[PDB]
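Only one chain is included here, represented as structure tokens and corresponding to the form solved without the ligand.
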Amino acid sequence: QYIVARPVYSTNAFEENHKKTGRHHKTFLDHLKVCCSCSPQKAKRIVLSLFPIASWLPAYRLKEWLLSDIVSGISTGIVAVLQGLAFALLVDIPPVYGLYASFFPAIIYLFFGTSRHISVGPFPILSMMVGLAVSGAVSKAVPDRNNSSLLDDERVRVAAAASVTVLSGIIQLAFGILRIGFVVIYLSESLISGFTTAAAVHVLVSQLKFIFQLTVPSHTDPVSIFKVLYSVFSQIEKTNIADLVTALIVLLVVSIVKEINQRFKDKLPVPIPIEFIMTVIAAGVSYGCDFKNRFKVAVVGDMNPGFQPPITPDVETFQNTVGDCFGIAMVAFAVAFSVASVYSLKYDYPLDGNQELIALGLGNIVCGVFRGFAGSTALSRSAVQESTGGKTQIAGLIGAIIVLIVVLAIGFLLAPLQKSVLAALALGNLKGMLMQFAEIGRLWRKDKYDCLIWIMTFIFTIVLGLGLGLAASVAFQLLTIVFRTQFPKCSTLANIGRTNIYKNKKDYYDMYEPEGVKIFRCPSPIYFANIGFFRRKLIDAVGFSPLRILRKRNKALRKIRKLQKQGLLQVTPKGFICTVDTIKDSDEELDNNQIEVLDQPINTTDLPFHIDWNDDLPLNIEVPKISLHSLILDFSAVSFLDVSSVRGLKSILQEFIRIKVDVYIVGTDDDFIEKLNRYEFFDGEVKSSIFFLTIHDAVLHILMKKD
């Protein structure tokens, strides 16, 4: 049983009876003296936050982790070599520059990174974005000033890729220093699903150059994918059959083996390395049977051993690639943080979002100085490193050691590799991204505001491209928040069961509603896109407009005074005795510059008899009549207000108070009423006595005030 015996409280009488604690407000300056004030155990936290390898490496369990890290590092270093060779073709540079992208960030992240299960390298979507930024940069360059010229057009693409990488790393490091690594929260799940599904189609289309062995120019556009499709299918009579059959065989075999490893995650230690076995088989059969001369297949060429000397970044490339580098930096950090958060939740260790930006930015800067291209983690390579038994970032060190031993020593192998095997290995990781097409039907019957976000993200990314489509999709996703709260379902309430329960007036059968009281609920925060709808729904829920009846009352009072000081109608302390039956009954029209005296509050204290405005006026004067005398506003679900709302609500309440209708606001916490004091909302007319605790408090106050 629910039994309550209580006084009726009114948010001002409540705080008279209950002593508040009193908490000191923190202004701008004590935050400053709290932050910049050093201590011998304060700098030793910041330094260990900047170098986490000083914290995890002495706490290294040797006997449990070393033999697992060795095996995990070898098996992910092989995949890092092959994926680095494959993703350099998506930037259209020589393939040895993808091996440099798999070495330097994995060394910098070993010192400055906080994740333990992430392999750092390149991944296909970011390589497509870097290639688009490069071919957009070499077409905006100044034209400054016979036989070997198609090796010098790849010498400028390498420098453009290095400069784009250095600028993206600088943007990432500057975002990490300014401690704004919370920007991943502006990306909902529907936006990520739509972007991922469209970018999988981008990746699938851009691999058709190498499976068919066709020559496609460097389209950089809004509508790049359809131009690439037109350039491929205009010349499909010139394909190479030996490059197509091999890609089909490799894709089929790694597809039916890469799902045995998920069907049989138990029963089977160290899952089957199929990207290594198929590469060994393909490069061994392309040698010996002489595939480069029997057929005419494209191969990975002769890579020269060693590293390159450092480069100096071109500021002319920095001038006209800024909007591309911002998108590259944001996409790289968002992908890396989302992949690292899964294993951080799975193995229960903390993940610093601001240290990831510093580590990835430093890795990208050092990679771009030594002529690599940009990157962060890949989902498939991280899954290979984790599913083999990777416990920490020693596995990334051993993967970088294997990449180094391929660069320095054994790069004379992988010279008969057939360059469409490398394109078919990158298509084996598109299953989980393309299976997200079955989310339009799921989101259709659940929200319909996130289905719209999915469809608009897909369309913007397909039509506008990977960089500008994400920027358009974030803005549309912010529009849907305003769409959710434009027209809230406002309702009137009534009492059920003669108790303190008040629900919707249309929903139940024998609800009671007290005489002259109107309860109105708006289930949404009221802001600038919301206040005219609120005012319209309130004055249609109450039956009339208070400004119109105030104007008609002022007109009737003006006619009463005009007949009065002619000495026609008598004035008594009780009665309003008239003299004549009918007057000429004019409809006196007052012009502009005077029509706004009808909005003034009525002050009839000069007249002794109290006027009613609800019985009939003494001669044929026809002001309308209302039955309302009290209005409750249920503000429980109203989260915040702003300046437009405070002005509109102030106008509404001033119009209701001047027509002699008492207004009560009900259901707010103390932060709301404290914020309303800063807007200068209260004055001599709208007091602070209008706030009550619950609806039943206001109704019980009304039902004993009016008797």
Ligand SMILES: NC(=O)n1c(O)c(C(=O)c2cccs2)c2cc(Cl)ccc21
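If you superpose the two forms and keep the largest set of C-alpha atoms that fall within 1.5 Å, you have the rigid core. Positions refer to the first chain, counted from 1. What changes on going to the form solved in complex with the ligand:
Put simply, after the core is superposed between these two forms, 570 is the one residue in 570, 354, 436, 231 with a Cα shift of at least 2 angstroms. Annotation: Cα of residue 448 displaced by less than 2 Å between these two forms, core superposition.
Core-aligned CA deviation for residue 264 between these two forms: 2 Å or greater.
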Second form
Number of protein chains: 2
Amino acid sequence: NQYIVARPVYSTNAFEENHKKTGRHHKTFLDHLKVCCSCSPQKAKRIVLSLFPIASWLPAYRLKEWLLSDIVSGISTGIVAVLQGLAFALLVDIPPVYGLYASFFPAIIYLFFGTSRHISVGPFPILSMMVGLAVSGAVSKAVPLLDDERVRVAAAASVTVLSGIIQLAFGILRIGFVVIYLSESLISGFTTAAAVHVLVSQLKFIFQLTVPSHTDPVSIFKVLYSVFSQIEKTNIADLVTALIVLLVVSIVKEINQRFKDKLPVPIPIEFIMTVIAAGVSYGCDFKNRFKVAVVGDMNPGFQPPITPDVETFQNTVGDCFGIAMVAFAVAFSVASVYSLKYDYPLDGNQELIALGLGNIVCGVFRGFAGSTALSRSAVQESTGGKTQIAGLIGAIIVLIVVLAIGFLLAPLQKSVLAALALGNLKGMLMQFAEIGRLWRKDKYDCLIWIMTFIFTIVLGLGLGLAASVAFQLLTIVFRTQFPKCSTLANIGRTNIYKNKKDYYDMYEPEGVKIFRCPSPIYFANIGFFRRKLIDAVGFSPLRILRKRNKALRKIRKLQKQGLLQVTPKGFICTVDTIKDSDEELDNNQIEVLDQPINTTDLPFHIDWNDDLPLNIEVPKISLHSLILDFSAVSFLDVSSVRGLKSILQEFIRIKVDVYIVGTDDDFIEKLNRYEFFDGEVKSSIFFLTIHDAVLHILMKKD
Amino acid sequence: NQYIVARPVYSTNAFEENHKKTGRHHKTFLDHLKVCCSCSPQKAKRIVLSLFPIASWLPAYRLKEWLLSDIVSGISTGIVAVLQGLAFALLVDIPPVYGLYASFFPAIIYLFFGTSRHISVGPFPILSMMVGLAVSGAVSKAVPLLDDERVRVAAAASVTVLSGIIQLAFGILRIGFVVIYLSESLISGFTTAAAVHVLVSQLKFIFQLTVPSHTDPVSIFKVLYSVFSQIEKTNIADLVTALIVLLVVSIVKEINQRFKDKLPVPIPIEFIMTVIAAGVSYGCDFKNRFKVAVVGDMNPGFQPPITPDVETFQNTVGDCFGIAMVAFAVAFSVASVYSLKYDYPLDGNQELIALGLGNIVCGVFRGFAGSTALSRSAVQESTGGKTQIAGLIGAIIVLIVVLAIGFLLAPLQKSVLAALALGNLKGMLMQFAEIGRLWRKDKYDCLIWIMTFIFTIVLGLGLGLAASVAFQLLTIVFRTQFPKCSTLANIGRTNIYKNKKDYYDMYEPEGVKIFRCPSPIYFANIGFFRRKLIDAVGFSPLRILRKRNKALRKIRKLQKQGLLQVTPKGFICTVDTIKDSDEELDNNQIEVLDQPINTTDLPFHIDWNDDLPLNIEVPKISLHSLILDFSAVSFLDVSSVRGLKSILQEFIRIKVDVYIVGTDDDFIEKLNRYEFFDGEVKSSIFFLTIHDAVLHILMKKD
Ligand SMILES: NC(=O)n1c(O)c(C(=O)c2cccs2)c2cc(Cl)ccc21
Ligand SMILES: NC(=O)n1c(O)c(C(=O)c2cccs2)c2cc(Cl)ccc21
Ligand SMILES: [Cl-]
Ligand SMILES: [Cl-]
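The structure above corresponds to the form solved without the ligand; please provide the structure of the form solved in complex with the ligand.
Let's see the whole complex now, leading with the same chain.
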């Protein structure tokens, strides 16, 4: 293995001169506007087919290989949807039939507009809690039992419609890339804090206590206080039933995971528990005997369309944005796992449109907002679901319950529903281990997990999320705030330059400094960069320039007085031991000491690093060349270029050659727009590599 | 010029093996605690001298060269401080003597604790507006015309004390670097919007109209409606006087800038206008004759110390955080200008401590918050100010007015003070030109400017700033969100690799792809990076792996059937035209096709890119080596590392050798903590440069 190279030393300009470029186009935004104005029938076709995905997947359905799978998966998911709809309607604090509406409408809409083939569309616990909190606030801000339920049901429907409107708007504006602004640490911390929120929310049903409609901030603490202050009023029958169901479901749930091979089909413990709980409750007349809360009678059939309330929209708009983003983020994440697994394209923009339309329709018909539940989606997929036909079948199961078999669920205890929801919390609850994992791998990510968790707990799920996204953006600045700048040296007398402090027997060419900032330089960075560069070269170039300008002034003074006489050969100290009086420039004249030194007046050059006439003294510097390794400087901003231009001008005015190496062509293209180059800062300072600049410097000094 | 290199090809591990590394001394956090816990006698001296800068600069005072200069600067600044205090107390909507308190107390405290030598400490218009808005809100949120003034004075004093407490806390915690989080575009947009706010705030005094205490959001609009709704009630005498003063001052101000060379000393148009205005008002009895609003009778003396109100603290903590941050940012910017001009160190933490103590004392003695006015600081410096003795003499002038000669300012109209404040707006209002300039230079900074302006106009100064800082952090993600990734090729047949689309006669070694991402890869980035890499290589490695696994499965099945035999020379097709039978794997078995292929059962090796038996087909790829140019990848985060590892694992599983080049040693050190390396992803994939990896690949293929 030999790395052997023989080429010219290349400055970036010299390289462009010797190597012809290719034609480039600006791709004017007007051109983008031009392309948008296509109207080609094929484009129209693709667009409509993009907006109505069912017209493409339905016709290509493999009936023989997919129908039975979707039918079986649909029945399974349909049952889960019914029970989860009831439970999550409890979480919204409205009658449980509206959870059935929330499990029905969004899914039917998704069948026509969704691009995912595996998610089960409907409510999930975090969004139901967020909707319930939005409702409590809306009601509290409304200028003046069943009546209270009516108001909550109306506020929930309005919140749902506004969330769907926001989602649909974001999908029409093609901003489905917003999910990228959420890191995995943020999602982990947020979902752990949200699992704690859900746990606390189920306590009023486990104990059967009456808890006020608390709002954020610190609603979780407010609820905990409400639950524990009145803990003696707890219904024992509710608690025991909840404990038994929770204990049994968890034991059986683990068995399914451990013994997947041994089992022909997983035991459906959650379904078995509800049927048994409902049967026993009905059989032993638990509602009368132990005064247990039960699901109760639900009137069959759907509600008539409700008009969204504009007053509610004004009151809850901030909440709705949080609800819309959370709904989209969760759905997209769940969908992504499946699309990747099954190798099909998932369109983020279409998902926003589909989820948004589903929500608007659901809200109008009195259901609450939901996108997808990870547990329900897993069931649809694990039971063999192939397409969104499984989702349609599931919706039909929900419809049957809503229209004909709703009465069967009447004797089911609320605590049992709450206990099932608690069982699903374990996956999310196990995310506490991530803090330790993150701590070893990356402190910034660990900080993000912790801040997100704290923000989600103290402020609510919605406000906490906004604060968490802001803090996670701030950590990007934390990462690049104090870059580990370095001085580089040559290793092995070849073209390799590394940290001057890392290896033995390194070599700096005499009078050359090579400085590296391993980060992009911008507003939060450039002062630190200047401090580190001045520490690396060992002096401040502006201080040196000011001391030289002062000396030049004294020299000119003595020259005019006569004590000093100019000469082709240096200077004449006509008068020895001369006077010692400083000019003491005023506040309005001191700026002259910062101007480029011009000594043309004097015929000869003043070597500023050699002795000066008449004891005049100025710090001497050995630096004649400064190389800035800009390979890791990704971008620059106006502050960095202003600061940069400033630093470079100062080095150049003190006769030190400056070289910027390791940048690409886009970089110099960008730097040309900033009006960076002029006289006394030229594009000649850019070289290809550190070794190009070093060899150029050595030839100059030769 | 000739770049001539002859060295070995170096993998990062090989280079380290061949070049001994120096002592890697880790820095223990406990050790930091140890160094922080030194308590040496000299260290104590340095700390106390740091907290009491006066004990350091006073003894070194050059009486002969500074005394007179500081005296003249002090008298000049003291006069400006009196008038600016009265005007800015108008902006706080309290009696104007509290502006005199605000000009007195913080300057006296800063004399002892400040590190700057040129700023004039006291109120400025933006902070007075912010304090006035905080008071209005506090008053409203309080639970149940002198009394109104009394309530407003108490709330202003409490807001001042809490702002000072926050500043002092930030200074003790050594967080004076927070100033870096404000870009120049943000500051420009914010100060232009704040100048518009100040302009609108002066209209009730120019016209002499009664305006309610409007709060934010959109307070600027609320006030404008109130002003022009009553425009008919305008006092003309006030207006005319204001216009004349504003006109004369503006014209003469211009002359001072234009005729500095011809002028021995700047004309004091603001003082002359104030003296003439007050004289005519008294002489012609303007208060009675034209019913004009005058400054009125101020009672001489200071107020007794007042106790901060905790209720006001609770109601204003957020406004007080905003006030503290704005005060420190303004003071530090002005002080940094002057400390760079005169080359002396400026301690930001000490600055935070001094301003906090000054604000605490001012608020206790019924003044309001203030850090420094650029207009007054410039006067102190321009008039010859050398040390903070000029600030002491200015505070003595303010004291003389408060105690003895305040009655002289009784007949001065408020419209004149408002007109004087308007004169100072010109510098900030001309910043509107920045939009066009920044548009040409950098559209992200133009966006920061415009959004800061809009946030500060719509929301207020405090909330606008918070929203603007958040948006400016979001623009950093906007910059690095969709990196312009590229494929590189060789130019010149030497170690230079550039964008494959930029030059003619470039060369890619056959089967090698070189991909560059010119940005750090983090969470908002890695999905885009994967998409671009898959577009660059021309296939998805996971799709190729899944198809090969399917082929292998069919093969093994046919081999089981016997229809296929195995030879070191290939596969025997005893039976041809096989019955195609896709296994149609179900949802729970499909993940097997994503696993590393282990065809060790077979004696030979299946050239996956040659033709397979019985028409078994798999997409063929020409890629055998992928080089990732990571020179501009500053940092990685957990999401990016996970995404990176997944990508690499997939490429390795389809037998594509992967190389990462151009990183430094800190990078690999960091990557070792993420548990990135294991079997099948080794540190052998890191090479020094692109040419090292290319030459290694070529030797492997030889
Ligand atoms: N398989 C699986 O994971 N399941 C769940 O997670 C369920 C639930 O979470 C809830 C029901 C009510 C509130 S939560 C669930 C229900 C049924 Cl009927 C069948 C499977 C189920
Ligand atoms: N030189 C300069 O810039 N000056 C200003 O900007 C002044 C003011 O802004 C105000 C006075 C009252 C309300 S504002 C000012 C005042 C005086 Cl007496 C002398 C110079 C001044
Ligand atoms: Cl779930
Ligand atoms: Cl000012």
